[PDB]
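This document opens with one chain alone, in structure tokens, the form solved without the ligand.
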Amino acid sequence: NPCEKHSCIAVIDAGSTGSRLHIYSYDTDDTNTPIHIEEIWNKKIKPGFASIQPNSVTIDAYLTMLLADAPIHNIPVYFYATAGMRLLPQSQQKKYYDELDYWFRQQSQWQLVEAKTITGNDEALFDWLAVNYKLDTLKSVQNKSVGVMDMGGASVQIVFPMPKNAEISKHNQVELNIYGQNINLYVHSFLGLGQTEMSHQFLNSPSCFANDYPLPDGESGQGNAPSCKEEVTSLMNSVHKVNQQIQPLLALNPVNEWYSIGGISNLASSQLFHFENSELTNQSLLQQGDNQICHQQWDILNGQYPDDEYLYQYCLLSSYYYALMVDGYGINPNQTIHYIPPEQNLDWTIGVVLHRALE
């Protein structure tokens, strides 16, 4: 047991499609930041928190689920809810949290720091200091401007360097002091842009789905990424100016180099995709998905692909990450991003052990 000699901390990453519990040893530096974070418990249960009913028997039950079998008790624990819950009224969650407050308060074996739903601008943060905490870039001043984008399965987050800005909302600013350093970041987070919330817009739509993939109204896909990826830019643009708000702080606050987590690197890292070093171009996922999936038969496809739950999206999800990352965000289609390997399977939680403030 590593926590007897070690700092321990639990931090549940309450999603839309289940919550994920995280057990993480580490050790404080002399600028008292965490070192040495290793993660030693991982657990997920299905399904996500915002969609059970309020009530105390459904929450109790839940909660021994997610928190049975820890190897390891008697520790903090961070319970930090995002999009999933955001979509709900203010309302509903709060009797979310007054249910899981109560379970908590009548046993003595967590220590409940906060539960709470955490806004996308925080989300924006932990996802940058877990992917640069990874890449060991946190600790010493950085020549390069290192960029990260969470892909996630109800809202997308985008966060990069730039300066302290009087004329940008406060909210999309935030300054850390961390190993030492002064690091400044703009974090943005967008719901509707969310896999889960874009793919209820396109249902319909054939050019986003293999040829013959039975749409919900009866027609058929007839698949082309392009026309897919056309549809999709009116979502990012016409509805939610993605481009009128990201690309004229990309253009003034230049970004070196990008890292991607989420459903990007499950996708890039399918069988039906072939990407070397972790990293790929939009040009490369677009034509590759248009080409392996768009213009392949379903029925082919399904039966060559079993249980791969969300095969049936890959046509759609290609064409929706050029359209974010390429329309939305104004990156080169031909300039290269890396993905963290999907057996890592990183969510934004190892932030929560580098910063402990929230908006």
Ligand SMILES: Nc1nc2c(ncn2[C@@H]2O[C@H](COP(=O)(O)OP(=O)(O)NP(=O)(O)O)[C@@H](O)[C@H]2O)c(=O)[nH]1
Second form
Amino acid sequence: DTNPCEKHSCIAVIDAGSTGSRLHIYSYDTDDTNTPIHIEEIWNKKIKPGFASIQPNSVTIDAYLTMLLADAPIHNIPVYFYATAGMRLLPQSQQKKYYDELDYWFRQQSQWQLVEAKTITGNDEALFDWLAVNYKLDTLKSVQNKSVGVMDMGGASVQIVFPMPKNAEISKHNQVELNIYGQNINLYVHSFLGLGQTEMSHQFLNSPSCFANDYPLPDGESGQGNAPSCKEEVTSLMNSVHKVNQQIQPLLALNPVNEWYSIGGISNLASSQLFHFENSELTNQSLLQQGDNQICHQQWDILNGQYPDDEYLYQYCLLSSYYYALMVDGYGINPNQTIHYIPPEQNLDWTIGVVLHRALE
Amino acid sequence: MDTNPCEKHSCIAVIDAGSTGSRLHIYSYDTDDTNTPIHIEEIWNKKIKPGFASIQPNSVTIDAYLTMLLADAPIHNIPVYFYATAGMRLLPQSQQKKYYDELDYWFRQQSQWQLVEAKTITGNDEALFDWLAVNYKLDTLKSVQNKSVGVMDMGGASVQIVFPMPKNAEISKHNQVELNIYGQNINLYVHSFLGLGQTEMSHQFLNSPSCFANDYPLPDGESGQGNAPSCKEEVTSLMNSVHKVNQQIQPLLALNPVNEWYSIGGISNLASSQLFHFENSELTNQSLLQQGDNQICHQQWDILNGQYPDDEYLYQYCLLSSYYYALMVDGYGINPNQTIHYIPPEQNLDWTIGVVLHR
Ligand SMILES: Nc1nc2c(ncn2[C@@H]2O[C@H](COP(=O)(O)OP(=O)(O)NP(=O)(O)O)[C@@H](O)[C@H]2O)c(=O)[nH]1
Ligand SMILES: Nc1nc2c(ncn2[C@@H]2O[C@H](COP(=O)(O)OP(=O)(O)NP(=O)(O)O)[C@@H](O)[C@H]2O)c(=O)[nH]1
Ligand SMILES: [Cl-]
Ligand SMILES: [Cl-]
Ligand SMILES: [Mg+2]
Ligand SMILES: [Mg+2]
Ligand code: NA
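Could you present the same protein in the form deposited with the ligand bound, rather than the form solved without the ligand shown above?
Now the full complex is given, and it begins with the chain already shown.
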């Protein structure tokens, strides 16, 4: 429609992630419970870097919010600004500086109506991850006979979320009950702060097994790639430090997931020119093999010169190893189980979940 | 110190471009018979935040940053060494290049500062400078030493350890340095651990209730329930199960004992908080861990926060006490009752005097 928000409800949801912010404007209608239906993305804009990486002063906040919002084709609508793991790495005292400046920016203008601007927990983010994916799969309308699990592979945290009946023995913070479209859904949620790709990588930059042969490690040693070896190193951070296996595997053993979907960074890796997967799905076995043979075991100078257009390339041995460590050695997923990934051209994040669910923990 | 010292002595500028900020130092010095610097004195300094690697590298932001760092210095017509450390080492060379190409251009557009080097140094180079700087200040370089001095630099993104060790052909050449200064031959073991600096390592423990004061609000919505011995075991898993600190350092330190330990970097800021009780600018790991456990881990966060409201790092003190013990005792193998000297934090001592001595 010419102006969609004249005939439908519209809100703006901003995903303020660790590596960038994404504005989405959604139009929707509501059913007879006032629940959104027919959700359509009418605009998006993605900027970098992340909000938490900028200096929190009025000039810098204005430049950033102007870049994010000023060219939108629709305004005069409510805005939800929800920041994720990049902000969670800062204490409340530091985050307050950002929100006081952001709140002032919104008060000083008239085109957007700020409703909320806050850092959400990783558990809230995980609920939104599951809602957004399941909305896109059309699995929310009716009671499913299949369990759908979602993983969001972010830059600073990763989330996992799947159906699990309410359990008096698990923290209330890791369990969510919602009623949507007249069904009652109970989920386990967990986020692992520091296990996102950027933050994790900072522990392995001097691991020769994690980089192509002769890659120049920052300590002056040479890469000598070997994905199974790098995977074992990353598993030590997953399990000896974060205890991912002990927290997740007993729960998935009791609440098996029939279909896994992943969003976040893994879509970019799996879709890159170095990897080959069909049907927008992968297995961990194939992901680790491809990284091992196409990056880890190659000569870095040669490979870098072959693929000059990919600034992410140098990390692909490490990332393929890390995803396997996280999914197989941490979550316990079978290396041969299909993991669907949402094509990156969709730019799909968790923001549709906010449209559907306005509460937070 | 003279009026206009650089009109009367040789001067150089050394910039420590660290992960949390950049520090310009200008040193005047005389030279001995071998044209080696002596009488090194800091005649200016300026510290800015954030780190150079944290900015977006384009001509506008680089200009603003270097202007902020340099413009008000009292003399500009001197050699400059710009050495970045672990914040830049977190980035691949292709990304670093953007920063140095802009930096180089900026220096070429002006006609006073004489840029000699602008580069990222390795953790091993940084460790050498750490040792030189601390030993210069202790006055132990002029003559051969009755004792072994070890230096630790507890930075934001990496930590360094450095101590005397005869050459060992079984150990990487990268972890050993031989130098001759003031006519003496010195052999050092050097190592840096990227990712084990305080800021970087803290990002793995923010949701660990044992690492924060009681009722501190963790990012996941749970509450702090501090216990320093439990938090220390979590950090030790990162030191040893992930980075293998103990396997790399302990066998060498056992055979090349250090008589006196000195530390620069974060530990000086922590140890100087009035929550702690230390004397003579020194501590032991056992005392640090016990004091963090009692004064922070097991106290109510609201009480502490209201008592020290000026102190932006307070909330981390249970974690930091635990982390320093995990790194020094469980990682390096230092006895927990061994004295660790810390340079008083008001000195703001970094490794930059090492560059004056080495270049
Ligand atoms: N291979 C590749 N990776 C990309 C590309 N663009 C972004 N990434 C990486 O994908 C990872 C996941 O990114 P994303 O899910 O957007 O993270 P985020 O939402 O910013 N972080 P968080 O959710 O933790 O706050 C990030 O480390 C990012 O650095 C690309 O073009 N290619
Ligand atoms: N406890 C405490 N820590 C502080 C204070 N001010 C700064 N720090 C922290 O002390 C640590 C060491 O800082 P510094 O030595 O300047 O690190 P750097 O040189 O910027 N980093 P690097 O050497 O790894 O490149 C950092 O993690 C910094 O965030 C303070 O007042 N108290
Ligand atoms: Cl290094
Ligand atoms: Cl969280
Ligand atoms: Mg995200
Ligand atoms: Mg430093
Ligand atoms: Na980190």
